[PDB]
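Below you'll find only one chain, the form deposited in one PDB entry, shown as structure tokens.
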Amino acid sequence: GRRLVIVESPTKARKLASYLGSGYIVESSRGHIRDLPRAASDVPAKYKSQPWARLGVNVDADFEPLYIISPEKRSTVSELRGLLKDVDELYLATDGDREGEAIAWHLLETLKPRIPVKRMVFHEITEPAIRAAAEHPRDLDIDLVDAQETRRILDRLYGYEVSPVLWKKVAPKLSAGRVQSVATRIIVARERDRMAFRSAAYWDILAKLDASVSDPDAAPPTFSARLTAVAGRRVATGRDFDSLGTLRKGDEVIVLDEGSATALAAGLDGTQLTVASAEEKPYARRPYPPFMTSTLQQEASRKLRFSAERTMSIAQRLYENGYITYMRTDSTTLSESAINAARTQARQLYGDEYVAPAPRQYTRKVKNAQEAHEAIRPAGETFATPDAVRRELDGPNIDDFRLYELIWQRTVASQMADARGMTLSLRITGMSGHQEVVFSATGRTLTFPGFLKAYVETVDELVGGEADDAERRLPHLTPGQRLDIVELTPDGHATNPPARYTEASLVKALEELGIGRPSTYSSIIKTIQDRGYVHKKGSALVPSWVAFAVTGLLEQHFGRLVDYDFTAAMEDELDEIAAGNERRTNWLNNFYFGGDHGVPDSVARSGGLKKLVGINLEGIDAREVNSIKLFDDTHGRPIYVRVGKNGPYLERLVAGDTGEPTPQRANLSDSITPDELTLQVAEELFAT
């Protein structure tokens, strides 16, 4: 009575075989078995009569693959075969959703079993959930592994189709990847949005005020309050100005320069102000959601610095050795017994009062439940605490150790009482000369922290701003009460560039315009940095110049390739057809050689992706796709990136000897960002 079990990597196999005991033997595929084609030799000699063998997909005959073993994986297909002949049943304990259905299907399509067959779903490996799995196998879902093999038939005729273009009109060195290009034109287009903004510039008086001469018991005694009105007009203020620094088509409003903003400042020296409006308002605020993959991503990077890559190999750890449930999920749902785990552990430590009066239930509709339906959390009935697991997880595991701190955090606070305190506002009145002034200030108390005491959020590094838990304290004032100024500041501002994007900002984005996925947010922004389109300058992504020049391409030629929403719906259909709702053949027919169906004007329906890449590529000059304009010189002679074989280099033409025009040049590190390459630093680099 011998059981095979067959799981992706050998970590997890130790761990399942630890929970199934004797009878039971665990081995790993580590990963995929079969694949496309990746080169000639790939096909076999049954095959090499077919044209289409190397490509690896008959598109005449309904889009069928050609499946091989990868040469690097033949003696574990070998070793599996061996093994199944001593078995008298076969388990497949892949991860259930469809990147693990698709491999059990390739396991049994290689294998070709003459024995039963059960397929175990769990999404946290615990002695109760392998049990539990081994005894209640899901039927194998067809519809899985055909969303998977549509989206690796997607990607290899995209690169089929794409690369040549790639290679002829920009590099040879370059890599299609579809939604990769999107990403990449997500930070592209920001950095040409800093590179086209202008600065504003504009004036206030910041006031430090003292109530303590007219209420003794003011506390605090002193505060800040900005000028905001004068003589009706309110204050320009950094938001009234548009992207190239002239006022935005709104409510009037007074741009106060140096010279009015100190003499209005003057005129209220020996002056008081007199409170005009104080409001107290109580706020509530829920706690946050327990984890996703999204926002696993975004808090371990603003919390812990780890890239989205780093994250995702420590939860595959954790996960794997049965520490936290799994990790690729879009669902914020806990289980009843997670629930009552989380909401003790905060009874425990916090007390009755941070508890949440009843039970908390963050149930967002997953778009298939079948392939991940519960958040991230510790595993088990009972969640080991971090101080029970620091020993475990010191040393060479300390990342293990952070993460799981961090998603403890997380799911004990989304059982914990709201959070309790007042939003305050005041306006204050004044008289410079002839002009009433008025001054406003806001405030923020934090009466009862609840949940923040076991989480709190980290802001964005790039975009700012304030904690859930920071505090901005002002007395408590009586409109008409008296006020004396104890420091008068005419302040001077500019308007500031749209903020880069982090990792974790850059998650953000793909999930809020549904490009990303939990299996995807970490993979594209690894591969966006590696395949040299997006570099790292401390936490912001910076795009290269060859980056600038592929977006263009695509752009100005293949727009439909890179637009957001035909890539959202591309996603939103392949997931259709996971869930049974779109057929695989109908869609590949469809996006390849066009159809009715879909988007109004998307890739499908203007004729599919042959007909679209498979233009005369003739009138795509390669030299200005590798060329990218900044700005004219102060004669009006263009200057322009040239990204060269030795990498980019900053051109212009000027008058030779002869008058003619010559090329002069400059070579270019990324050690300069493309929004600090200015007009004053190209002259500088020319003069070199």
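Positions refer to the first chain, counted from 1. For clarity, a rigid core is taken as the largest C-alpha set superposing within 1.5 Å between two forms. What changes on going to the form deposited in another entry:
- In the overlay on the core between the two forms, a shift of 2 Å or more in CA position is seen for a single residue of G656, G31, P65, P44, which is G656.
- Comparing the forms between the two forms, the C-alpha position of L617 differs by 2 angstroms or more, with the core used for superposition.
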Contents of the next structure:
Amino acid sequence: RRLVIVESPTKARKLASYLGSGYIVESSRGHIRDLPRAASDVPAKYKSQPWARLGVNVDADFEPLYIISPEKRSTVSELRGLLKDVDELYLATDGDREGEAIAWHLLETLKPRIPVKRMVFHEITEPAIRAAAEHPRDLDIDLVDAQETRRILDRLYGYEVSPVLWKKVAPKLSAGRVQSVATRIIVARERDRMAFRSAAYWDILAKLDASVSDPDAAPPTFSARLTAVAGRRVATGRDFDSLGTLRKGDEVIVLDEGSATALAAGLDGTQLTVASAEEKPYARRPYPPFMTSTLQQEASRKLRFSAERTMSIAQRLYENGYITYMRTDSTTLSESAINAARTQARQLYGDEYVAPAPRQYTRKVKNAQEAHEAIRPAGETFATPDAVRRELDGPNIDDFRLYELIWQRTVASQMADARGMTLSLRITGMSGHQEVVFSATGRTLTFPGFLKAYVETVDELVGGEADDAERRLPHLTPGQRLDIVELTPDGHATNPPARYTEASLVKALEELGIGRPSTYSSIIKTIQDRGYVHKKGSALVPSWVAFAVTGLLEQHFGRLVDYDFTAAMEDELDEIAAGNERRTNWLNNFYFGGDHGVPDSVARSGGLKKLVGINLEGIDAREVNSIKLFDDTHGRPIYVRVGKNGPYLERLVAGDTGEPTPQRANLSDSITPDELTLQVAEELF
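Since we've got the form deposited in one PDB entry here, give me the form deposited in another entry too.
FYI, this one's just the chain on its own, none of its partners or other molecules.
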């Protein structure tokens, strides 16, 4: 008989049902080996090596020490029994570098003498599994070296950086490179909010009627806003910087309440005149099929799922044969999937809404072996979301919602474009002796197209307009008169930059090239668990400890938390996965120093060991645990310190001949860092 090893029991039962008899299917429950987690994990043979606890022999080309987990040994025993009376072996783990490394570890652990076959697949269906089992491929050692390079890199990073965090910030603080970079993103946005200063600006909102000079203009009444006063443009929210002063761009005029009421008063009684009216046709192409990044984003905005929950649901959907592999950076659809989406599309929305030619959204992927297709429904024919809503009855009651999202996205990717018109409106009038201009913008939707099947949701904090929202304006002619219904002077203020959500954080991690489909949700979940970041509604808010660690790394180990260097490291790991870079050369280069890599990187600056040593002794600590905020109304610098009791406020005041003497207050997590202003600081003292 034949043996087949997978990672989870569900995958094992499904593959067992599809392969039939003559195949035995067992799971390995994930990884069977790992680096030593304690001194007791080191076998007696390696206890003579002083590097065994670290598990990496940096002086022997980073030779790792792989030990079988104490709870996993029994599993291996079972796998060592089944291999006795079978005549063939099949490693059916996931096709990414994780699953390839699991396969490699299984080979090193079991050491089979019968032929070995690695079968890969990105959907669990009977045709795809039977096809994969009949056409195997060789074990990609480059993927194994990429995953292994990541593991060793993380072990060395923790080994070199964790003690710094224990001595300078707080013990029991777990280190983490990419986590500290994403934490730096969030801390940077919070700092931007703290330094922000609002600025006031005023305009005039007008309600205009056109049913007198055009007794059939729909809509009859529309809105317009003041844009110019006697040739000078009226300031808006975009004309100020983060400190509240006008930008060094075009010349504008800032209005207040008295000026706006004066202009509206001098405008009442008269009429306005249409100066310009321009309609431009536009077409909107459908959204690409889902990948991990876009799936987590849209699942967060529309379904309020966290990235972790999205990936859990998507894992259960994938292993049960409902969706394709959820860890992909590809938006490609095979011909059968395209034909399925076009069939369901024509069946549900009609022939005019189908794209007249099959649409392909092929983009550059990081590795052609790890990602084949997009996240889409599985099979030659897509299971209807109602049938899936029938089968998934019980504890998992959102899986049908995620599945329906994927289905609507996939079907909508093969539908027709969305036609419409965009409208520009320039109006003029006379307030006293000053000419005034009233602008109005419009946008219609003549044909919805794919928008009848899928519409992306706007980010909650960023705000904006959806792709199917209409701002309809009547058809007007240059020189047409308009009647004024109301003149309301309007006041506004510049708003601070928006906080990140999980969706906008995932988008940032992808744009900066810092995250991969395998790491988004783990980055978010990890930075939330370790206490660096918490949630206010849907906003990510950094704690003060996150300020302390981010400040330390920024001030003394800047290369570790630089965005471009981190993205470069991810690109080099990917280059190892493709066989263009070698694990040994990269690890020597990064740890001990070399001549390869982007300028001024850790590898080009002496390596990780020497840089952590040099930068560690190059500090005097002192204010590492102090986050400077501002000064008070007497000139005393106020800052926040993180101690055993948590975050507390501190300043320095004189103290009767024995001056100075510090003053401390206590603050909980109720006050976000941007709310802790000078007034709030004085109230808490």
